[PDB]
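This report refers to the structure that appears directly beneath it.
Here the complex is missing a single protein chain, while all its other protein chains stay put.
Naming follows writing order (A, B and C), and every chain is counted from residue 1.
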Amino acid sequence: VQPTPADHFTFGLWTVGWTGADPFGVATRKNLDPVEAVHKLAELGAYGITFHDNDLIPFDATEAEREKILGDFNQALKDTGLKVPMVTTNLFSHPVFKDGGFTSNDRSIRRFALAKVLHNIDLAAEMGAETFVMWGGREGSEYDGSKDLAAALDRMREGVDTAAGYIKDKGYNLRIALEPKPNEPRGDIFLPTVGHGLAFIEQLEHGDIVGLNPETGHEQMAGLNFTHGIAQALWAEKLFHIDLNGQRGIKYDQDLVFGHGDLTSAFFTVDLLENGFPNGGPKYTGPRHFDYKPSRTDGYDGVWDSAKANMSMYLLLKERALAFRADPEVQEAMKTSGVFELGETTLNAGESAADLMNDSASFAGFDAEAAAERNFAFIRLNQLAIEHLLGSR
Amino acid sequence: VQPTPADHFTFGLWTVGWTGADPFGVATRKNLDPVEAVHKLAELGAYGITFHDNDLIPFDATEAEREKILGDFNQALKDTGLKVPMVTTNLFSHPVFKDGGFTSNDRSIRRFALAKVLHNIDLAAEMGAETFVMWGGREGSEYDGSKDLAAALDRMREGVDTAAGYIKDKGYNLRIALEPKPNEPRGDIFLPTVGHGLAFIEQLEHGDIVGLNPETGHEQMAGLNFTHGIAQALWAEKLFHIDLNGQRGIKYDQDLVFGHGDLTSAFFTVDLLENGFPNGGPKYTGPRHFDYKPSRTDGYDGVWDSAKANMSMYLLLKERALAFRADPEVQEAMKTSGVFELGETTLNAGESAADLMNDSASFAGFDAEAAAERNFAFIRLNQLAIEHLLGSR
Amino acid sequence: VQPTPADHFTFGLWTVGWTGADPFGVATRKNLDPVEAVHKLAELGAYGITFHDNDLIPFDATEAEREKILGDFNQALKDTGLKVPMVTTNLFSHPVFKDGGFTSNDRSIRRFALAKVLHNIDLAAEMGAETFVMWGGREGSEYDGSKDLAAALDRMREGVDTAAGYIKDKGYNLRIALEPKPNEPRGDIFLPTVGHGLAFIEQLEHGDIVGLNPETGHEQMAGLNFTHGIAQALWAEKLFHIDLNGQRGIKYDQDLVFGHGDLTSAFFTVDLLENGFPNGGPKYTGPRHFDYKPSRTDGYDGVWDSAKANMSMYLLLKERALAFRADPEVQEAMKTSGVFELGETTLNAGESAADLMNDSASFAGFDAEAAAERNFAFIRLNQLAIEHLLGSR
Partner (left out) sequence: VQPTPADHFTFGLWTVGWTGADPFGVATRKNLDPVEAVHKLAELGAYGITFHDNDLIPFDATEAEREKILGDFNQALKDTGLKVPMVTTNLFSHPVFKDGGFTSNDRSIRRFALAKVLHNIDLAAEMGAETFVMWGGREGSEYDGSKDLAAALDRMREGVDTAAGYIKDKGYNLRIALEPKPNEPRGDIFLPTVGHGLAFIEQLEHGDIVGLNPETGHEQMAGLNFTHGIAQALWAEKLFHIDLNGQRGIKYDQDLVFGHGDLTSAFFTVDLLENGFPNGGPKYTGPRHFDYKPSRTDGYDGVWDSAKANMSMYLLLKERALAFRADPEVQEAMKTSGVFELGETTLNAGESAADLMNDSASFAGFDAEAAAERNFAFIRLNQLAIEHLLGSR
């Protein structure tokens, strides 16, 4: 263990600051001061802090209040050395955003939400953030006839392209990252998975500066393989930021510590972030952000306990993931299974679809029954990863 | 009821021909002859029939067997008037495809699978099919370390772009449609949802002729809103074909009749296919294909019963969906809820991000607390759709 | 369809009183005065109202306040004629209840919780309720080492048997109804399904007055069939109360209007409540209670609309379900599928095990392959049901 600032562990203000109100109860913790949040995070080993506009500045704050709050906030950053790598907007708590922000059926709410985002783009740039996250938590419905589904996507595109266009126009060194979620708070959220988010960016005018912010728990709420999904984001060159946490199953968004959900998936998530791909390719080099919530049953000792535990978890998995790939029996197990063979092109250099046209050598004289005997040995390969994870090897 | 060929009800050979072997048992029905399948379908009102290569021609058939089978097959088509709108390949039953076709770790299997597809592209063109479907049922894994996830997508791209390139090269009037599935038979299938499939096409060299073939049951196995997902496919101009069936929940692929799963979702699926969008936009005009399986407990009377029931179900939902949108109280309910208001651009013609920059009129002097009082009346709107569906209105 | 007090539709105070606060946002509606809840529901057709101690009487209420409130509420009830058939305790909203009431790790909290329940049994008795519901929403854990699981069930048992002992002792006409929920707010809730609730009752010293209160959306949060789950409850004669609502898949507890979730499942629950079992058996006679939440997007006109939609939905389903069983065609199809043959005992009167093994016709010379030919025609009976549901018959 022992996290240091080069690890790039970033935490949201709303994570440690989450006081415990869930849908069946009131907060169980006293509010956490932001200056206090910054000091504690810096002392634990964090590299940066992120926030939602209304996490720092009340929705109601006056210009005088806004400047007082930013001054103490900015002094704390200064005193500690924490960076502010990502900033986001709250388009979900105020009753006004009850049918959404960008895709609200009410046109005046659409403008209001877009206006709130544009101003937040100015604060992001002022803080030195490199990523602007968008979580469209109220964009969706409970009922299928509540929306014109083509119009909802046109309205989503207008919002995202106006904000991008504005970044480009002002020359901020900022990228937008959309954060998919399948449901909750809405019955169905638009762009519910990594796939949907990625396809959607391809339809934008300014897609070049738009990417994703996948969250472990969120793909797991649809039953999807998180490593598979980030792999696809990474492969497309659109993995701009990431939110790490735990989810045990398809149920409400739990936001547990990273590693306190699906442990084997978390191991393979850390191998992809740290080690990248077996055959070489793209690498994710941004910050490792923890979007979780300290369990409501625990007091403030639990809150600082949970923040350290996320970092701990990631460094213990990282250590076993480095030893796993380094292991000569694993490397040989991988060669047997065809992990490196998958890296070879199917077609020979210069071969055409008519040339191969299945060639036979690859079609007519192929022994399918003999090729089928191959022992891929995937089970033995999986056993090697579990033993490495368990600290056994 | 009373389906007629202008309805464009197409059925797969494997649907009525499915004999009942599941994972816990043997077939409960005698094999169904293809010529017999064509006569029965034509007499029930179908417009066309689709098949997988090995549905008609055994994997082992000789050239002499292949031409005998196509001759009787082609005569039946002739005798009845059925079209052959879609053709697909079996890259999943033979033991050789145990780690996949296009993304097999074994390079020689990759070539073999690609060769089988290329030849099948020639048969598709020969049958007059306009769509070539690809269901990558064995592309995936049980274990996360079994594959190099960037390489698996590169290998998937190579296969799809070689087949497209070949279509283009031969001038066939054919489009490729990928069919997403989240799991089963693999623990995790690559391109598991509509979103993933749509993003993936954006990375291809020949994406222009590649689109999707969403299946009701398959998005519902991830817990997703099927209407939401096809809306997104339609909005992107990539809804090339569709597979309609029933699924009750997240479990194994049931392939029940259309309407025998999530009934309210099926109603809204039929409103989108038939009515399109409230404010106007794109429309799906291809065939309505039924990819289901007659319950194993039923004999052949059940098989012809189930085929008619799919058509019946779609025409009863169609009828209630036309009456629902035509209803002046529904139209007024929609106007109250802001369904048409969602269709208006957020920004005024000529307004810039700095102009609006939230304007206030839309930011600073906005009454958020007053805009929040609005009664969207989505519940009353949902009640109007259920009453129309129930035949009450 | 107009509900009458005779229909026995009950509503909770917390249902139409739900203010809109969820985990991602604040209330969107003003608090509801209890007096008005009562009067409004009385004009809609309700038979009665139900409450949680703290929905009516604030946690911190002084004695003068409590008497006032009860005077006001008892007044409204006398004015309108509304019955109060069920009363329940709030053991989940105050921070003290973060680890549970009955199964909290802290013993003083366990005692407070039980004291809190006993006093509420007195109130329930004063109010004329017949049923006392226990929903243990905070009983469970997020993590597997947090609880000694055998001790969690002894503690659960000790509180439920103490409550029941007290009823018996006091001579009150109250029966306890346990209400299962698999998750939310806890990660895992003790006694998560109807099955676990029924099992637990059998280990109770006073299980004769302890039964179930199954909720539609709760069983669907684990993907079970609600109609099968309440059928087991009935069969064991333990179906004391029922909570009707709607859920649209495995996710957060939506609490949508009855019939606004899984529609065909809603139709079959109503057929079971209304027609009982095809071969005869016990019948459910209690209140038809709705525990739903008016979507937060809707203002007060939506609240009364939603309340009304519950009773409308139920009556429309009832009309269809009665027409379904009354149909000669449906009866014939039920005979053919063996719905009535299931009711015939398998053995012959006084036929023992030995006699069966020894009957040659039954085993040794049974023609398995011939028997397997029966066409159960379950698809066609299902189609008939849906056709009645859609009112096309």
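By definition in this document, a residue touches a chain if its C-beta (ideal position, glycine included) is under 8 Å from a C-beta of that chain, and two chains touch if they have at least 3 such contacts.
The hidden chain, counted over the whole complex, makes contact with A, B, C. When you scan C:6, C:64 or C:150 for touch with the missing chain, the hit is C:150. Only one residue from B:124, B:221, B:266 or B:307 touches the chain missing from this view: B:221. In the complete complex, the hidden chain is touched by one of C:200, C:240, C:258 or C:290, namely C:200. In the complete complex, the residue from C:21, C:209, C:224 or C:323 that touches the missing chain is C:224. Among A:50, A:162, A:232 or A:297, the one in contact with the hidden chain is A:297. Residues touching the missing chain, restricted to subunit B, are 20-28, 92-95, 97-99, 137-138, 142-143, 182-185, 187-188, 221, 248-254, 256, 260, 295-297 (touch as defined at the top). Residues of subunit A in contact with the chain left out of this view: 28, 223, 248-251, 257, 259-260, 262-264, 294-295, 297-302, 305-306, 309, 312-313, 316, 320, 372-380, 382-383, 386-387, 389-392.
Remark: the residues of subunit C touching the chain excluded from display are 59, 94-96, 98-99, 102-112, 114-116, 118-119, 141-155, 158-159, 162-163, 165-166, 169, 182-183, 188, 190-200, 202-203, 222-225, 227-229, 231-232, 234-236, 250, 264-265, 267-268, 271-272, 277-279, 281-282, 334, 337-347, 352-354, 356-357, 359, 362-363, 366, 368-369, 371-372, 374, 376, 378-379, 381-382, 384-385.
The rule is simple: only the chains that are shown with their structure count from here on.
Centre-to-centre spacing of subunit A and subunit C amounts to 38 Å, using the average Cα coordinate of each chain. The distance from the centre of subunit A to the centre of subunit B, with each centre set as the mean of the Cα atoms, comes to 29 Å.
Touching two or more other chains at once are residues 28, 250-251, 260, 295, 297 of subunit C.
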